[PDB]
Amino acid sequence: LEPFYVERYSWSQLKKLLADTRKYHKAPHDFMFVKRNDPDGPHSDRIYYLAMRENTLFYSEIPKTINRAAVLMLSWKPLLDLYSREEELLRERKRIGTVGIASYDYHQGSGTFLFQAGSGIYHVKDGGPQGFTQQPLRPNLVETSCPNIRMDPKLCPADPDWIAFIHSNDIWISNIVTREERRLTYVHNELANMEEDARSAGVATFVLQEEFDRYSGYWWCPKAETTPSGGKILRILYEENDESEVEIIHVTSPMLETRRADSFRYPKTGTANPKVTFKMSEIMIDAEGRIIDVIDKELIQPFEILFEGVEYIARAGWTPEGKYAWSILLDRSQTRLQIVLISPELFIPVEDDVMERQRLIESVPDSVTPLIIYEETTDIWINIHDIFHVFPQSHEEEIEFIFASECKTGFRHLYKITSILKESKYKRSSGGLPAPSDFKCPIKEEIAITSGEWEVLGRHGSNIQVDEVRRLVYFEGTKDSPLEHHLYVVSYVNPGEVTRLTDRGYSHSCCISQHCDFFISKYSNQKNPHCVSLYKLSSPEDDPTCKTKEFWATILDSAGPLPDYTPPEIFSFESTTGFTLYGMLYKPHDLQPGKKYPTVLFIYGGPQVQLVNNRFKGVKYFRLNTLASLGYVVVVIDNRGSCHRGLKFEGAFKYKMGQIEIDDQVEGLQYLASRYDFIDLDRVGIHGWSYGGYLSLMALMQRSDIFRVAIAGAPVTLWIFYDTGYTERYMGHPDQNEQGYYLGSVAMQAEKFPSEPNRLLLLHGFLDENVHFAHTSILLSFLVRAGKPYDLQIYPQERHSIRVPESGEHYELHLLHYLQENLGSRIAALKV
Amino acid sequence: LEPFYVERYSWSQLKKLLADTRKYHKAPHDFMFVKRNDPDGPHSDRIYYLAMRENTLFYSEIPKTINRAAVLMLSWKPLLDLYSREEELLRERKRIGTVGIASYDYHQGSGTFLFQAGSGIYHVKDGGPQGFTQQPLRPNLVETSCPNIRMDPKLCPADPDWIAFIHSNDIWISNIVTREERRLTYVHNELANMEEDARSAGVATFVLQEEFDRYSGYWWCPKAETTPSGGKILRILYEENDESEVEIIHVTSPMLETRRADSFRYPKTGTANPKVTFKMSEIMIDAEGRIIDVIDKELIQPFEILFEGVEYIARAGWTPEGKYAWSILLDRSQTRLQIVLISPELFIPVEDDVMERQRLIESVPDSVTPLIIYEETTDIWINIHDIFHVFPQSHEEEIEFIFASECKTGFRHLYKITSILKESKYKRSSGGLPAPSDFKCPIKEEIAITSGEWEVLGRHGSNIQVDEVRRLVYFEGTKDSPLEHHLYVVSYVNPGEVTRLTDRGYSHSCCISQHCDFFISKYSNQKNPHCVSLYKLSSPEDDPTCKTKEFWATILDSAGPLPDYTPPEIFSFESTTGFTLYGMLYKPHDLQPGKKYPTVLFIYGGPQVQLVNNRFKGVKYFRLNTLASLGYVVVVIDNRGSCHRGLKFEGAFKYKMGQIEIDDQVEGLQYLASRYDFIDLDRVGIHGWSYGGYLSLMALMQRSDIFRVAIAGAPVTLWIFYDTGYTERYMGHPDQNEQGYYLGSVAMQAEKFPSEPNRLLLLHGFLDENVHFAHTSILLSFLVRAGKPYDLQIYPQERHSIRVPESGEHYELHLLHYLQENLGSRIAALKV
Amino acid sequence: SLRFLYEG
Amino acid sequence: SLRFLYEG
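Chains as they are written, first to last, in the deposited numbering: chain A, 48 to 72, 78 to 104, 109 to 138, 148 to 897; chain B, 48 to 72, 78 to 104, 109 to 138, 148 to 897; chain F, 10 to 17; chain C, 10 to 17.
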């Protein structure tokens with residue numbers, strides 16, 4: 048064999064290349085099905101959705121029949137007629162790259178939409194009693210006396226005139242009709258600096274937004290209780306955080322000319338999280354919709370007693386009929402989940418006068434108590450999801466609900482549960498701390514809906530749509546393959562045959578109608594881009610379990626296979642570790658016989674993430690293919706730790722992060738290198754971002770033999786610097802894993818790095834709030850004093866993201882030039 | 048002419064080369085002469101000094121005779137018997162990087178030494194009435210109840226029992242025999258933090274320390290006034306700064322683990338400096354030695370009224386009698402110096418009660434006023450120096466003194482002025498403010514003592530010594546050459562002849578015995594390292610105007626020319642500008658003829674510094690020899706704007722920094738290339754630190770054609786980020802030099818950088834508080850977004866200095882390897 | 010997450 | 010003063 052050398056292009060030339068391949072370049081989302089209720093009309097439903109180059113509410117008409125010779129192309133009608150810190154941070158937390166309207170709220174009975182475009186909060190009406198428009202609607206600005214920006218606006222389900230929002234970390238409730246506005250929480254003074262003012266109501270802490278993808282801390286109660294005179298009592302449940310005790314970090318201010326730092330709260334691993342607790346506002350109203358009064362209530366006992374051991378409010382909300390408010394609750398180590406009903410009778414008014422408090426406590430019965438309706442444990446971890454469905458209350462002594470759990474089988478499946486709401490043994494009157502089991506409820510039934518060596522999908526907007534009429538439950542899953550996410554359906558009363566609805570060979574992300582008679586699917590594969598098509602469901606007269614599917618219309622046709630993009634082929638191997646580890650291979654374009662090629666290995670292979678599966682890798686992973694075309698082999702492997710393959714697989718690196726990963730990357734690279742005589746193993750490079758950059762550094766530290774060069778992007782060089790929500794989940798408290806932390810921290814092992822230059826390259830966003838720049842700066846400090854070289858590049862306008870276009874152009878240009886000059890080209894192998 | 052290429056070594060090899068050329072690797081200072089008054093003894097004087109492993113007080117004996125055949129090496133006697150943030154910064158601002166005793170304070174009358182050493186403050190008595198110890202003394206710790214470090218101790222010259230120090234920015238006094246301790250000022254609150262509390266007493270602000278080498282802010286009155294009762298009054302003048310209006314800058318914290326940044330006050334160019342005043346503390350001591358009471362005192366009128374136009378307090382102190390306290394005062398633009406006498410009768414008690422404060426002001430007469438004894442302007446700038454010498458009061462009407470000034474001729478010279486202390490026309494009583502001239506004293510005569518095309522030295526402990534019996538003045542000067550600093554002497558009564566007391570062939574730094582009958586010189590040339598020797602002064606019997614010297618003793622013998630070390634050749638050329646610019650040529654070792662070599666140009670060529678003179682450049686600039694040891698031509702040039710070549714030469718870049726300097730570095734570099742054809746121009750590198758790195762960046766940005774690589778150490782990318790005291794001095798207020806700033810700020814013209822890589826390297830201390838790291842990180846912001854490449858190196862444990870040895874080791878290695886791989890070696894010229 | 014966001 | 014400190 049003979050080595051192939053890629054073409055030495057100049058910096059200016061490589062920029063022309065990357066400029067021109069870029070020269071030609078998001079689908080719709082947040083669908084909602086609203087019935088037209090037109091006896092005489094052609095259309096059954098009307099769908100609404102957000103689409104993009110701005111991002112606005114569209115609608116499209118759904119016809120009762122279709123011509124089955126032709127493809128109905130659904131036409132897009134626009135519903136709408138034409148940065149703060151609180152936004153730009155949230156946009157980082159939500160990982161939302163594109164500007165416009167990120168989401169919206171809607172009230173069924175009225176028709177009221179509610180959404181936040183720019184600084185403004187707006188509302189429009191369509192779909193309700195007030196009809197269906199045939200032209201764009203002009204957005205109604207919700208007006209305010211609030212100085213700063215307003216976040217997280219939500220329609221009250223009970224009265225759609227009222228809305229709430231956050232303002233300077235406090236809750237407010239403007240009325241879209243009376244224009245009455247009121248501050249419901251007086252917890253945080255907007256003027257007083259953060260160092261001495263850390264309380265905040267209705268908001269999700271940094272950790273809950275970053276690590277538990279929960280972006281809100283208040284939940285409107287769906288029903289309104291009537292008053293004697295004629296008004297009504299609304300309710301908002303909220304989380305009151307006190308971040309007083311949490312660490313204060315300094316991250317560089319984006320305005321580099323100021324040369325100052327923003328102080329924000331970062332629960333470093335092993336330190337304390339904020340002092341969370343529950344609370345509830347009782348908004349009293351008269352018949353006129355005027356606010357009579359607002360009583361603000363608190364738990365009858367501390368949160369540390371009633372929810373003993375709870376360190377996180379992962380999710381929360383209300384039961385369908387507003388009777389109890391519920392809450393999903395993790396212990397600190399995140400191995401013990403709970404599901405706790407919380408009666409509004411637990412909350413009593415706040416009182417300064419000491420003997421009025423005393424009185425109010427005794428008016429509350431002993432029988433009122435937190436009802437823990439489910440508890441689960443594990444020796445790996447809970448993965449929080451959005452799945453939870455509570456059925457209406459059949460019997461007043463019980464609560465039927467569906468939930469998902471990895472904890473039973475080792476894989477995530479659906480379980481129907483009836484819990485019995487027992488009067489708790491514990492009686493507050495006697496005065497004492499409840500026993501470890503005093504609030505637990507008996508489980509009457511627990512019927513596993515699904516089961517097997519595959520998982521149901523709950524993260525990232527996958528959920529369940531439950532048909533409470535036919536008594537079915539729809540769900541995405543990995544049953545047909547780990548590489549394809551498909552829609553399924555099954556009875557929740559007589560569990561049995563699961564029925565796949567989506568077509569084989571693709572990876573779908575469905576959004577089933579609230580009426581369960583339709584479902585949309587954004588699908589693609591390795592070859593084709595992502596079409597979005599509508600599909601109609603049908604029960605045969607003789608058998609409601611059997612749902613059959615028929616293509617109805619196309620919402621968005623695919624572009625078609627991109628010209629000048631050879632996709633990769635999706636390989637596997639039997640691992641020495643007893644698993645079928647999957648990988649992706651970009652063969653170099655226009656291969657030569659008898660010539661070995663320089664190999665680049667892209668990587669992430671960390672938790673919550675699969676890279677290797679059947680989807681179009683032309684959008685985001687475009688350059689992997691541009692690389693290949695220039696003459697690099699490109700490999701991608703999902704080491705043990707990747708998602709969508711069960712808990713025990715994901716758990717393999719627990720307490721052990723960075724120690725098992727490269728073993729699999731090399732394993733697959735060697736399995737490949739035997740079969741593929743064109744793979745030059747002497748010239749392997751590696752590169753990734755975040756956990757990717759972490760492993761790239763590990764790769765070079767451990768396996769100088771396999772990897773010639775490593776390019777680490779915003780890497781974790783030190784676990785004592787990351788946050789609680791993540792590191793404790795996967796590595797635990799630093800005292801309970803003294804040795805895993807040290808082995809998993811590359812900056813502690815700086816002397817292990819290679820004394821050859823032109824091998825380590827560090828990239829980092831300088832304003833990185835998440836993976837703080839310190840990680841790089843301290844790695845460098847210890848490198849400097851261990852006497853090892855590095856090449857560094859900083860992206861000063863950036864965070865845990867690349868958002869400025871010219872910053873991303875530079876990253877790409879440089880990485881290619883670096884790869885050329887130190888791996889691929891003939892001058893690179895000369896240097897050695 | 049065939050090109051020579053350097054030997055390509057690996058990282059690990061170069062490390063070993065550098066560590067072995069380092070294999071084989078500090079002189080005395082702060083000398084004081086004290087007579088023995090021992091007619092029967094063998095020694096006339098005993099000298100004390102600081103010397104170096110730590111740095112302590114030593115002493116030596118000066119014999120009344122010497123065996124003039126032999127050389128006397130003087131025996132070194134130990135006098136003594138063996148960091149905070151405050152210290153860490155003071156050390157940075159003073160450019161001291163030598164652990165030990167920095168300086169001391171001696172009281173002639175008693176023998177009392179007083180020196181801070183570590184945390185503590187110590188004293189020992191030796192060489193007063195109470196004999197001369199023949200053996201090391203035990204340091205006597207001054208006890209304290211202060212919890213924090215005591216900076217800036219000073220002996221009271223009136224009473225050796227009393228000392229003062231600074232502690233948490235307030236002035237304390239401690240009695241070294243009655244143990245009494247007392248806080249005199251309550252201006253700062255040690256428990257208060259940065260942003261809120263920003264006043265301070267007895268302290269020099271950042272700008273005064275970094276830009277006017279003035280570190281102390283309080284001045285003991287040299288004489289004590291007597292009370293009726295038998296007691297006395299002791300006085301202390303001091304600066305009271307308020308830094309509330311100064312901008313606040315976040316510099317990164319050295320504890321990288323904390324991931325935080327220290328806040329401190331940086332008077333950016335164009336922003337506010339501290340608003341300042343004078344104050345006075347009268348300490349009434351009783352006959353016993355106890356403090357009866359302390360009275361704090363404010364000026365009778367506001368500072369900006371009495372001292373109209375004054376922005377900075379350059380220097381201050383008292384007259385030998387103590388009647389007035391003097392002060393040298395600059396306006397903001399530093400083109401107006403004024404020596405002003407300030408009588409204690411100008412100060413009144415601080416009084417909050419307004420009926421008493423009215424009555425105090427009226428009690429002080431209108432006749433008591435500040436007296437501007439001298440004032441001068443320039444069209445370039447005022448270089449402040451440590452020269453100013455007041456003579457005793459012959460007549461009560463006047464004051465005689467020697468001051469130095471560049472305004473008169475364009476060169477710094479000695480001028481014995483005699484001013485008259487007229488009663489000002491101003492009358493407070495009247496009510497209005499003073500007219501522009503109302504405090505200008507008339508000059509009875511301004512005799513010039515020296516004058517020529519050369520300067521007297523007044524900074525860095527060069528000064529004047531004054532024989533008042535013989536009516537002479539010893540000073541240091543450039544009269545023989547700008548390349549050699551020599552000790553000269555001259556009569557100030559009838560001036561004229563100027564006898565040089567040092568020997569030609571070397572540059573000297575000299576202390577002169579306070580008795581004027583001895584002098585020490587630290588002396589070196591380009592070839593021989595620094596020695597220190599002691600010469601005996603003497604006059605012929607027939608004319609005490611005339612002086613001569615004789616070698617008495619060696620103090621420090623030199624090492625003898627360092628081995629394997631080739632000193633450079635000092636060269637010169639009559640430039641296009643009409644100034645004889647100088648340089649230093651390092652020819653490569655073992656010149657293989659018929660060849661040409663890569664050329665590294667080293668550079669500073671900013672103000673206040675002459676790189677090229679007749680001094681040994683083998684300690685500090687050791688590596689400039691190593692670079693030639695590997696086959697790099699090394700060149701240094703003193704372009705226009707350097708010091709020791711007159712003022713108008715230094716004024717060349719006024720309002721024009723960055724513009725004029727490279728044109729001389731290129732001109733001289735070409736001159737050399739013609740005569741010395743071993744200079745390959747196709748491969749010329751440039752490198753420097755601070756202003757050096759600034760012009761490294763200018764070189765690359767202005768002359769892509771001349772300079773292949775430029776390596777820029779902590780560069781001034783952007784001028785607006787630099788302090789007032791420097792920038793405004795050399796470039797002016799930003800509003801009034803808009804264009805000069807744009808051109809001088811290379812952060813602006815990022816577009817003008819090379820689109821090739823491996824040409825620009827940026828080096829910076831991460832914790833740099835002077836040339837803030839934001840200089841580098843903002844240039845990088847713009848280089849990215851202007852499409853250009855860079856190479857970056859950071860030293861996370863370094864400020865505006867490299868102090869960790871491991872950090873320096875890495876730097877030199879990186880620099881050697883970088884020049885090798887991108888300039889000097891064969892692989893380098895292939896890469897293009 | 011430990012998860013960047015670039016979209017080329 | 011744009012004047013770096015280093016000794017080696």
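Hints are supplied without guarantee of correctness; some may be wrong.
Taking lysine-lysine and the DSSO-like style, the derived pairs with C-alpha atoms no more than 30 Å apart in a straight line are [stated by the list, open to error]:
#1 B:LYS661 with A:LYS896
#2 A:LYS660 with B:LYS896
#3 A:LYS288 with A:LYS388
#4 A:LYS62 with A:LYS652
#5 B:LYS120 with B:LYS660
#6 A:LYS817 with B:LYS63
#7 B:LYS652 with A:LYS896
#8 B:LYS481 with A:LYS62
#9 A:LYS63 with A:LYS660
#10 A:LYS505 with A:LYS133
#11 A:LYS63 with B:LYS509
#12 A:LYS62 with B:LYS288
#13 B:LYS159 with B:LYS505
#14 A:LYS896 with B:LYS288
#15 A:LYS652 with B:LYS896
#16 B:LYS288 with B:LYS481
#17 A:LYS896 with B:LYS660
#18 A:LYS505 with A:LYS490
#19 A:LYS817 with B:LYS62
#20 A:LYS62 with A:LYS896
#21 A:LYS388 with A:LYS492
#22 B:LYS592 with B:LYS473
#23 B:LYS62 with A:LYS896
#24 B:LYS388 with B:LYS219
#25 B:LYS481 with B:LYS70
#26 A:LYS817 with B:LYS219
#27 A:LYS661 with A:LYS63
#28 A:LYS481 with A:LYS505
#29 B:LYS817 with A:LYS63
#30 A:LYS896 with B:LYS896
#31 B:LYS509 with B:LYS490
#32 B:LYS509 with B:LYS62
#33 B:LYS817 with A:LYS70
#34 A:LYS661 with B:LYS896
#35 A:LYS481 with A:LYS340
To be clear, the hints were calculated from the coordinates, so they are not data collected in a lab.
key: Hint numbers contradicted by this structure   = 5, 8, 10, 11, 12, 13, 14, 22, 25, 26, 32 and 35
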